[PDB]
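This document starts with one chain, in the form deposited in one PDB entry, laid out as structure tokens.
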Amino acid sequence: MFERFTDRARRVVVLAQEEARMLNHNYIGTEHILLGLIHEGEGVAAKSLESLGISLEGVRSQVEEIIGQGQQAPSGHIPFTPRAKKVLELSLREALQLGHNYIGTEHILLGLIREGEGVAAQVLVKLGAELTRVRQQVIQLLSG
């Protein structure tokens, strides 16, 4: 379902799966997508998150605190959570409603906030970033 994803939006997902692999996690969840948005660095999502004071180490530290330690020999298959798949689907639906034929980093962050009830949304409101503020930051940076 990544047909209209931009090269940097594709990069976001790649970094997400590499974070889940490094952190010894069994799924690619919404919080790994959030980490990938920050890791990408250059897109509208990364700039928006930086203007809100959301750092890579703060999200990663909050994620390890919630999930905890895993197995010594986990299964090598790391699929998306159903919640992360819904975020990706809502990313497409957000960009379609805006009249865009592409899906960039800003649409993935918007879709993440739209779902707004997983690990990523939980880590965001813990780091002092209410979800409605993240959306307005993304929208106001897309205006100019």
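In this text, the rigid core denotes the largest set of C-alpha atoms whose superposition between the two forms falls within 1.5 Å. Only residues modelled in both forms are compared. Numbering follows the first chain given and starts at 1. First, how it differs from the form deposited in another entry.
- With the core held fixed, the Cα of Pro79 is displaced between these two forms by less than 2 Å.
- In the core-superposed comparison between these two forms, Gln69 has its Cα shifted by at least 2 Å.
- After superposition on the rigid core, only one stretch of three or more consecutive residues whose Cα atoms move by at least 2 Å between these two forms is found, at 68 to 77.
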The other form holds:
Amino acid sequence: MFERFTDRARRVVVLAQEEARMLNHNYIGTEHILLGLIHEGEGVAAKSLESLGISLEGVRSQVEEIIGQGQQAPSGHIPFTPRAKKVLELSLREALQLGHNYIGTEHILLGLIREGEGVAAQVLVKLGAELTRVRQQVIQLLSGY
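What I would like now is the form deposited in another entry, since the data block earlier showed the form deposited in one PDB entry; can you produce it?
Here we give the lone chain, stripped of any partners or molecules.
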């Protein structure tokens, strides 16, 4: 179903894999998707994250507290956690419910919030944001460009 993803949505996905690599994780989790959303930049959810007072290095470090780097770098692809799997499912599902047929970075952020049970959401609330906060906020964004 990844063919629906926009150029930058997919770029988020590739980036999430690089984040989980160089922080030495054997899985891509809800955090690493947040990380890739940030690291993306030119697209929606990244500017959305610099607006609601969330930056890259904060999430990096928060993960290095609750997760911390791994002893041994993994190579080859890095599998999703069931949390990340559900986030991507729901990103699809959000996208469809807002009418679009593509899936952009903003739709991954919405799916992420929808899951709200895993590390991404723990990290977010720890940094200074809220789930329906950023949801309604990014919805206002799709209303404001």
